[PDB]
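Before any questions on how it binds or moves, here is one chain, the form deposited in one PDB entry, in structure tokens.
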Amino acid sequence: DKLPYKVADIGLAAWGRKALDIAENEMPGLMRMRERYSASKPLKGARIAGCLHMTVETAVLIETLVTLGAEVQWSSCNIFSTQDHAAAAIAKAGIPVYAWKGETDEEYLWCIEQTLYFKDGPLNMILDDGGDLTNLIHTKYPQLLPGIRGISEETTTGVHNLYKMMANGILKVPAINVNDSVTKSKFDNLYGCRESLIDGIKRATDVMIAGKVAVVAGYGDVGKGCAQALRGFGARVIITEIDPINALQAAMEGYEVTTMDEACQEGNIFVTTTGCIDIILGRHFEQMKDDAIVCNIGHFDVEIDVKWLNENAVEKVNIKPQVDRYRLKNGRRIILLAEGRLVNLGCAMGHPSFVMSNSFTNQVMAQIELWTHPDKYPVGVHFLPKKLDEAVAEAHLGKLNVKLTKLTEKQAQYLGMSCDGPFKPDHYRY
């Protein structure tokens, strides 16, 4: 028969629950969503199958969907991002969770497949982060497509895929771009990585940032956070970019912008925030400085040629889980973190719960949208109404004791807008 779940140690449920209690008090968005849409169960009948890093933050989201009458089955969208105590807590809660830190490509695939069919029917809703789930159903379980009502993508890379599929006509089910919600990409990607990247490098290497020259590939919302994080600790940051705008942004901020070919000979730390392949190749590792720390924080491990290292390094010693130190022919060494997988989740705990509350509340609203108002979202990737976006940030103001100002009638008139309604044009960039 099938397994009710599959975690590393159900025994961790105790500790994991203690952590969920703490994260809950830090995620007012998800809690404000609970108490409001609990007595109504707007997701009643929904059989949500999610694929997202099984962490304490995700655990609070999973229970929130449930609190809303939703039926759920989960898996982690990465073999190294799962938090066993958090996964156990959910497992103990009676939810079908299939994840654990340190899964093999095989087990990873298997884990997702275990969330495809519920006790009484296949999935009708999707909650993805990376696009791995949707890709599996569209390429291996097409039969389910018409059965699935909607989708909600979490990250940049996953959303990049959706548009691609829609533009090629491969996408056969509606989908809401959660990553590009203002209260997401401008907070999660930016502030979330501003605090999580350094944590991943720290727990893994304990290296001192100050005095070190760090190279950040790409200056998007993620790279902006990483660069700021490193600079704030006293590190000289260099940036690489392909977009003249982003590149000019980094320059206006006092960052040096050059190519990886030149920068590889200066960096003491390397972070890839690009969403594309071949960012750091052997040509680069060969010129690096002894004991240069290298990691990737992008969604997919396709930026650092970890393969070249294994097939070219003279020695390969593992310091501890997710931390390896290669020795090249030149005699110098290289430090690889999480085997190239997103370092903040692989070597640490990912973004703190507060910022995650922002993303996850967008996620919940999205599920409620593709499930309650299918007519508003036909086959194609859509954005969540700016009215809801503003609402998400609104829910997180109180905790920070922030006092929002209210537009008077005269003022609302003068500006031509509702003191309650949206405050910015859809094209606004924040």
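Residue numbers count along the first chain shown, from 1. Compared with the form deposited in another entry:
Splitting the chain into two rigid parts for the change between the two forms, with each C-alpha assigned to the part whose superposition fits it better, puts residue 311 and residue 410 in the same part. Superimposing on the larger rigid part's C-alpha atoms between the two forms leaves the smaller part rotated by 16 degrees.
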Given for the second form:
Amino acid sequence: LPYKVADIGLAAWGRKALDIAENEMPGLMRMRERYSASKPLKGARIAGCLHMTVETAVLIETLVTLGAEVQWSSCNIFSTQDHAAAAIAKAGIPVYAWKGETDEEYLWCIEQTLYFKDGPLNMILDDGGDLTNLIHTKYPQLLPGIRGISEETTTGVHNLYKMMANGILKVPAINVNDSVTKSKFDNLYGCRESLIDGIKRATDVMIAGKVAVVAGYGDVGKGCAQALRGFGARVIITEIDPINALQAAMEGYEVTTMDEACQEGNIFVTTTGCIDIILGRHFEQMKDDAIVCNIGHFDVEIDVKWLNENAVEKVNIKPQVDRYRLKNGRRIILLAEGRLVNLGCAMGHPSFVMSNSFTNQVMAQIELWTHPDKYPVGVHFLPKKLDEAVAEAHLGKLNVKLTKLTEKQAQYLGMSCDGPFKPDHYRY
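Let me have the form deposited in another entry next, following on from the form deposited in one PDB entry.
FYI, this one's just the chain on its own, none of its partners or other molecules.
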């Protein structure tokens, strides 16, 4: 089996989508402009485990343009876009991914990416840690032949630190999740674009003139709060961290508890990454047809089980939109069954966000592959200069003219005119 896709005939529709996405992903296209001649990944045999979307197809074809051998599988059973996968298969690349895999087929799809034309993998590009854990626990014989790992997920990086503390990790790993360019686009800018899009497709509701309660004021909360405020909603924040709580107050947001705010809100958005945020006792105080949704962590934040078990009516309105009637006579509108509203009720992040994340991945691959004896086994942050480079790559598309330091200004500032321009502890 050279690949496995749902329908190869969808390749043409995929290529048209790719062509449109390329123009919103200038960071990846910049890497093609810079590195297509020199091919810094010639020799590399990269196994990738990452959502097989249109955006990811741009990543895959960028890596190939840089000289690498690439074989791919999706890191989720439902997230694949079949036409994107088809387009990649038609271009010769071994890709094992389709929408609605079984749990057995998911494991099998990863298995087909380990050995290549010219022997086993020597690089891992990862999103969730599933490819990394499969090698270590099942195929540890292959570990010495692997030069490096890239990982861009919070779960995956926590897992990498765990493997290092337990002495299990045997390959140097670059964490790109904590890049400024990755984190700000994935957490803040991304959710700022897509939140209200999810709410609108689901409900078509008037945002302006409503009280909106956002639980959490981290990067995701900041983003959501800014989007809602922009439409003319009155935004109330809840926070546990007094620093984040202070930030909110300094922008003019009311900051209070969910115990208080549940009587106020017309819309509730959870962004905490934490369990037990919206509970039965909160639901019972809510205004009629209050909209409740999550954009934070999987499905743990809203007590959905409570609604199923305590409501008198549950009525499906349209896909991923349920309207529960309670014992008190009032209604709750739940979106995406408590799951991520931006993926359940909308299309997730825009292409431009994904460009920042995936450009970080490309940087990490080059850095590990081109500099073998520069990273010992262990989890490493992406160097700042490469993080800056990711940002630089996107400035052209953003109509931005960057100023260059003069030799004299550099000397005064005690930094190189090429970077990095900030110390490692700098918060931006």
